[PDB]
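Heads up, one of the protein chains got dropped from this complex, but the rest are sitting where they should.
Every chain is named by a letter (A, B and C) in the order it is written, and numbering of its residues begins at 1.
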Amino acid sequence: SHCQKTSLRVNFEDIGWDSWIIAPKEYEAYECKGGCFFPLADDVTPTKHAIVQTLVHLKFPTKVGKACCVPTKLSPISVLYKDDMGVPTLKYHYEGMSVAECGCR
Amino acid sequence: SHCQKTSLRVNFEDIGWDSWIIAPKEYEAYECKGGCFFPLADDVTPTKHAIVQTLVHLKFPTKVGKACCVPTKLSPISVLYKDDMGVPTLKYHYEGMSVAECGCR
Amino acid sequence: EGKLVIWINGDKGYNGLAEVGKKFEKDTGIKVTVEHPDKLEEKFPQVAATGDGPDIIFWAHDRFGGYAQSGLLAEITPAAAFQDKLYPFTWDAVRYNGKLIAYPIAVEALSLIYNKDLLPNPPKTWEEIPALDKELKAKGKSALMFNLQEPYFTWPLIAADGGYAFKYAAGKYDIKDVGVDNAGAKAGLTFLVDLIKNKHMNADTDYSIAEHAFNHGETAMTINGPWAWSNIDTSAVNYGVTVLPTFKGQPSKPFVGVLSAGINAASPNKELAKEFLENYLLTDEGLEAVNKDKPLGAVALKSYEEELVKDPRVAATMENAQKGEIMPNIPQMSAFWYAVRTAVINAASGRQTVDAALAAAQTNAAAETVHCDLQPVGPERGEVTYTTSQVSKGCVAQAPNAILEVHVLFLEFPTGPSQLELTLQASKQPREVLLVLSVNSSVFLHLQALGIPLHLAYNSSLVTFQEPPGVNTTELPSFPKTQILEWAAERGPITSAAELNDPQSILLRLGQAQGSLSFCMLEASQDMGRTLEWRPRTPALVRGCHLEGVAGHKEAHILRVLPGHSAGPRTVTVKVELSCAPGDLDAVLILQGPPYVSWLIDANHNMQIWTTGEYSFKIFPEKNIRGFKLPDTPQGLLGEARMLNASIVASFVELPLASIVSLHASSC
Partner (left out) sequence: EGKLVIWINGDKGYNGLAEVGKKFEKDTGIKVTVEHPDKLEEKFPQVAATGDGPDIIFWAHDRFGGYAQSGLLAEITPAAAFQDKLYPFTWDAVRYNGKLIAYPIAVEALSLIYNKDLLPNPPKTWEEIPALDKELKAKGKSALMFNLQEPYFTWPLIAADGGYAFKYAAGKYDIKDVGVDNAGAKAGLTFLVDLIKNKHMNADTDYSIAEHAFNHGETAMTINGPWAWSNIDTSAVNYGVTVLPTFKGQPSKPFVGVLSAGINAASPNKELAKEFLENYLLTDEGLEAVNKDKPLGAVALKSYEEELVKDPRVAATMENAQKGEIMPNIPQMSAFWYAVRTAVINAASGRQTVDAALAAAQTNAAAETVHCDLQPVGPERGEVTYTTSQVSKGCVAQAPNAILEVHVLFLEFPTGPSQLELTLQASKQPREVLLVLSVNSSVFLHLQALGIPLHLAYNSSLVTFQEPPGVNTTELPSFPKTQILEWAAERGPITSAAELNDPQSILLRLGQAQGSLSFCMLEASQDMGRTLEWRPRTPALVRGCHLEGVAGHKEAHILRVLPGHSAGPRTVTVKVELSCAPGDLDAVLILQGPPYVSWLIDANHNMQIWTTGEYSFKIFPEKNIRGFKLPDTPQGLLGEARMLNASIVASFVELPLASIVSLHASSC
């Protein structure tokens, strides 16, 4: 269960964002799934704090938690924002919406 | 259980790093502890992919996982590395060893 | 060589003006075309905002304010000596916000022109006209007849008893203080409605009707300016011109106009225009010619006026003028006039009451106040290119059973050798074609005709081909444009024709005749449809401004498509490229167009959107988005930009129905 990027289709209405996100309806929001267990893979490029915490956890699983599989880099998406004043604010790169790479931190 | 930085004292011998880390013996390696549950706090500055995934999880807790509390910024520490050839390689800023800030990703 | 297109009302001495243009032509070799379109004051702004327009316009000062307000008129910079050659208050009439916009030509004021034979003693007051009309109706005539369709002929009474357009004080006009609903106005207009109600006048009387009536002796009186005097002189009427009657013991206060000449900011011949106007038009001999054609009343030139005052008719015009009020030049004048007109018509025809029509006129008169002064924007600051189907003049027709189809194209470019890309697209299937082209400047042409049995007609000396054909060519005769059309028709039916100004590229599609029209008749601002699609060389002059009292830095780029002459719903493509734009830039795009225009957008950064109809993008192209109702006027759109918390209007442009548009920006 090595940390890796997996698919996650999102709908803005289900999350209550359809009000100030008019466009699109759904988009790909890849998640980071899998376990962080040493030895950690070269592609994950785990931070050494993650390695450490994983080993301490292996030593004290009840006192210290594992390293977590999370996004390490995000990408933008073109969306149509809505201001309180009521203007159709198009953001051509509304950053931090989709995952580009995953890692253990 | 909002995501936050907590203490974590590490010993290099316990993790098997005492061989190529001669200095120090133990150091502070703050971990990121707490749950990521919406609404997400201003200080966490959660990424919108985290917000989304948290809401999808709230909708499908069995099909989608929660957002994770992890380090968003790391700091260096001065350590004494040991090369295979056998030289005392001092790294004055051996980066990515201690947590500076925590967040939900 | 060069050219000077001019607009002037058809009731003025445009022939004498044309003669002055002949002298100017012989001297400078710069041909002068004087024209008199219908409603040229309302037409000019629309075309001038597209780059196409007359080099010079002639009209009363009341409109120039609006025109230049949209940055449509170049600033006049006459030497102080020359300024001394004319009267100051005229310059004041053409001066707006500190800039001299036009050349004051003449002074116009309505006068009472009565038939001495029918009415040796014209009335001194309005209140006695009914009685007179009764008597003359016992003699088989009528007392008075004047244009009731234009409010300019009715204002003298309205203002006679205290009516006024915009309360003036402290060197400036108060637009929110209107005097149309006051007592005097309601009194005057009530009197008029009483004249019509008592059948002393017909509500449908217009200029031509009144002029015919008085000139033929059917009515004993009429109200008109100096220009009409010539037409009376041709008539057997022995006429006298005198002051207007008094209403409620007060003199009638007409709106004094100032016939002025404004230079189109989009004209490349600005220098030559200055030449003609100053050195030829405002000399003794020029005003002599024009006044010979049609009387100008009191001219703005001191010398020639000194000679014209001796005409008692001009003297009367000056009495009525002194008694009246000069027209404000502010832009709101347009709206004001519109409102007043509606009021007068609806009150004379019986549609509305005096109190109702004039209350509504008090609300409608003042409106759409200005939010900024539009100024031309340099190319390096902003740049626009586009492909449109509209043409200065155009017609499209069908030719059943015609073995040969004719296509005519009138092209006009600045005084220099130009380059042009022309491509004729073959139709689906053997018909042979004839192409007659005319040009006013040298041109290097790239002709592309594939699989077309084509024949040519042109200037062998002015046109130079990159790929010249040898046979089936014809030397174009030296005829006027109309005679060129007839001459071309003598070989075959004309399926399409268009007059383009400084085209960069031209695409002409054969067999794409739209609808069912058998004769080609040139119509201004005609929609060529699928027949023709051309890219002009020079676009509409870019414009912008700064919105005062608006915090922050927010750029506003505005695009407004002009009316499209009855076509199906179209999709307008729009490309935007903001060069040297900060990473996080707060800008907005305002796309205004007819209800039948959907927008298709393509940009590279984050910005606001504000459109009519519906709009779509390249990203997620389907799922169109409903638009909103946007203001129709330029100042309305600017005001909406202010509502959008926009502090700067980086770009402002107005185009006709065009398929594709591209905008590049600067100012870093």
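As a working rule, a residue touches a chain if its C-beta (ideal position, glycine included) is under 8 Å from a C-beta of that chain, and two chains touch if they have at least 3 such contacts.
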### Task
Would you mind listing the shown chains in contact with the chain that isn't displayed?
B
### Query
For the chain left off this view, which of B:16, B:35, B:61 or B:88 is in contact with it?
B:88
#### Entry: Positions on subunit B where the hidden chain makes contact
22-25, 78, 85, 87-94
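Just so we're on the same page, only the chains that are shown with their structure count from here on.
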### Task
With chain centres taken as the means of their Cα atoms, state the distance from subunit A to subunit B in Å.
15
### Query
Could you state the distance in Å from the CA-based centre of subunit A to that of subunit C?
61
